[PDB]
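Trainee: Chain by chain, the residues run as shown.
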Amino acid sequence: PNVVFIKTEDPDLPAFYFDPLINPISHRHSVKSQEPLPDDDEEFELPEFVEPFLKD
Amino acid sequence: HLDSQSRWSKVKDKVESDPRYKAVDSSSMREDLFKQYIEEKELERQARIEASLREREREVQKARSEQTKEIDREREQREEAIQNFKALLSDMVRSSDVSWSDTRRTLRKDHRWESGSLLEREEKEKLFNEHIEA
Numbered sequence: 335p336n337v338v339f340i341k342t343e344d345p346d347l348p349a350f351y352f353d354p355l356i357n358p359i360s361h362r363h364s365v366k367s368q369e370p371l372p373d374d375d376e377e378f379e380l381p382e383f384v385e386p387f388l389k390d
Numbered sequence: 807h808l809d810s811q812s813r814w815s816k817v818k819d820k821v822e823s824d825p826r827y828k829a830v831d832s833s834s835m836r837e838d839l840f841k842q843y844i845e856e857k858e859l860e861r862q863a864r865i866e867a868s869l870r871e872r873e874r875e876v877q878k879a880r881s882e883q884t885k886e887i888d889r890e891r892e893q896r897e898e899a900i901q902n903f904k905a906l907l908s909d910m911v912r913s914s915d916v917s918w919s920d921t922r923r924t925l926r927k928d929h930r931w932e933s934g935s936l937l938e939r940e941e942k943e944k945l946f947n948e949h950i951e952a
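From first to last, the protein sequence lines stand for chains Z and Y.
Sequential numbering of the first sequence, starting at 335, is according to UniProt numbering.
If you use UniProt numbering, the second sequence corresponds to residues 807 to 845, 856 to 893, 896 to 952, in order.
Just so you know, the hints here were simulated from the structure itself, not pulled from any lab data.
Incorrect hints may have been included.
Unchecked claim - The list that follows gives simulated cross-link-like pairs (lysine-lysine, DSSO-like), each with its CA atoms no further than 27 Å apart:
1. Z:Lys341 x Y:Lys857
2. Y:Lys927 x Y:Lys904
3. Y:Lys944 x Y:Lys904
4. Z:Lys389 x Y:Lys857
5. Y:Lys828 x Y:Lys816
6. Y:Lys904 x Y:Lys885
7. Y:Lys927 x Y:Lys942
8. Y:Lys878 x Z:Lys341
As the list claims (entries may be wrong) - Short, incomplete list of chain Y residues facing chain Z, as computed with Cβ under 7 Å:
9. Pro825
10. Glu860
11. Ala863
12. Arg864
13. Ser868
14. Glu871
15. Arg872
To be verified - Computed Cβ-Cβ distance ranges for the label pairs, DEER-style:
16. Y:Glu938 x Z:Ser360: 52 to 60 Å
17. Z:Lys389 x Y:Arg861: 56 to 64 Å
18. Y:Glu871 x Z:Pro386: 28 to 36 Å
19. Z:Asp390 x Y:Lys820: 48 to 56 Å
20. Z:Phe352 x Y:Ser935: 38 to 46 Å
21. Z:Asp390 x Y:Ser823: 57 to 65 Å
22. Z:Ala349 x Y:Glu941: 52 to 60 Å
23. Y:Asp888 x Z:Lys389: 50 to 58 Å
24. Z:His361 x Y:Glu871: 16 to 24 Å
25. Z:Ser367 x Y:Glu932: 41 to 49 Å
26. Z:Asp390 x Y:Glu890: 53 to 61 Å
27. Y:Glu886 x Z:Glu382: 47 to 55 Å
28. Y:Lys857 x Z:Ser367: 49 to 57 Å
29. Y:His929 x Z:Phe350: 51 to 59 Å
Just so it is clear, CB atoms sit at the ideal spot from N, CA and C, and this is done for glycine as well.
Construct all of the structure, not just a fragment, from the sequences and the given hints.
Mentor: See the structure below:
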């Protein structure tokens with residue numbers, strides 16, 4: 335288990351900052367969903383009437 | 807309230823009465839002193865950009881070094899091409915009395931010669947001469 339750790343320089347960055355050290359994320363181009371999905375009349379019938387996850 | 811904006815043309819007409827302004831015997835120098843005097857989250861983001869650029873430069877240098885190492889392992893050895903050239907000289911050639919040009923004209927009909935496409939004709943002739951000498 336190679337212990338990979340992003341050792342930052344100074345505490346000016348946020349905690350979860352993508353350091354330009356690893357690689358491009360995916361360089362993905364095969365995914366294509368420019369049109370809307372079909373299950374929207376069903377998603378429209380699927381409300382979320384309760385508070386969100388960790389807004390506070 | 808001076809910053810880097812403020813103009814001496816404007817400040818002058820506001821302080822020209824003070825005994826501390828007149829106390830400088832020159833206008834060229836009251837202006838220089840004025841020019842000198844004139845010069856967290858956003859600074860954190862600027863340091864972010866700086867550290868990102870530094871890491872990017874270091875990674876680019878490391879990648880250039882690795883690419884140089886690969887190109888050297890190819891040219892100094896492309897090791898497969900030199901090995902295939904020596905192997906063709908060993909297999910298709912066994913008598914040191916033949917020449918490099920005649921040997922090339924004979925081996926051009928073979929399909930293994932195409933494997934040595936990455937190497938130049940000079941290096942190929944040199945390897946054939948070394949094999950004939952051995």
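Trainee: Does each hint hold? Answer for all of them.
Mentor: Hint check:
no., hint, verdict
1, Z:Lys341 x Y:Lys857, "21 Å, holds"
2, Y:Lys927 x Y:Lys904, "17 Å, holds"
3, Y:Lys944 x Y:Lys904, "10 Å, holds"
4, Z:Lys389 x Y:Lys857, "23 Å, holds"
5, Y:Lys828 x Y:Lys816, "17 Å, holds"
6, Y:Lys904 x Y:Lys885, "23 Å, holds"
7, Y:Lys927 x Y:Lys942, "16 Å, holds"
8, Y:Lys878 x Z:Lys341, "18 Å, holds"
9, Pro825, "45 Å, violated"
10, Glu860, "4 Å, holds"
11, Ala863, "4 Å, holds"
12, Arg864, "5 Å, holds"
13, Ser868, "5 Å, holds"
14, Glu871, "5 Å, holds"
15, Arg872, "5 Å, holds"
16, Y:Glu938 x Z:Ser360: 52 to 60 Å, "39 Å, violated"
17, Z:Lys389 x Y:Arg861: 56 to 64 Å, "25 Å, violated"
18, Y:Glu871 x Z:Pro386: 28 to 36 Å, "35 Å, holds"
19, Z:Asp390 x Y:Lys820: 48 to 56 Å, "51 Å, holds"
20, Z:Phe352 x Y:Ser935: 38 to 46 Å, "42 Å, holds"
21, Z:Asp390 x Y:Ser823: 57 to 65 Å, "59 Å, holds"
22, Z:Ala349 x Y:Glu941: 52 to 60 Å, "55 Å, holds"
23, Y:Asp888 x Z:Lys389: 50 to 58 Å, "56 Å, holds"
24, Z:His361 x Y:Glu871: 16 to 24 Å, "19 Å, holds"
25, Z:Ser367 x Y:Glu932: 41 to 49 Å, "45 Å, holds"
26, Z:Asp390 x Y:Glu890: 53 to 61 Å, "59 Å, holds"
27, Y:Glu886 x Z:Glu382: 47 to 55 Å, "53 Å, holds"
28, Y:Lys857 x Z:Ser367: 49 to 57 Å, "35 Å, violated"
29, Y:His929 x Z:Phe350: 51 to 59 Å, "56 Å, holds"
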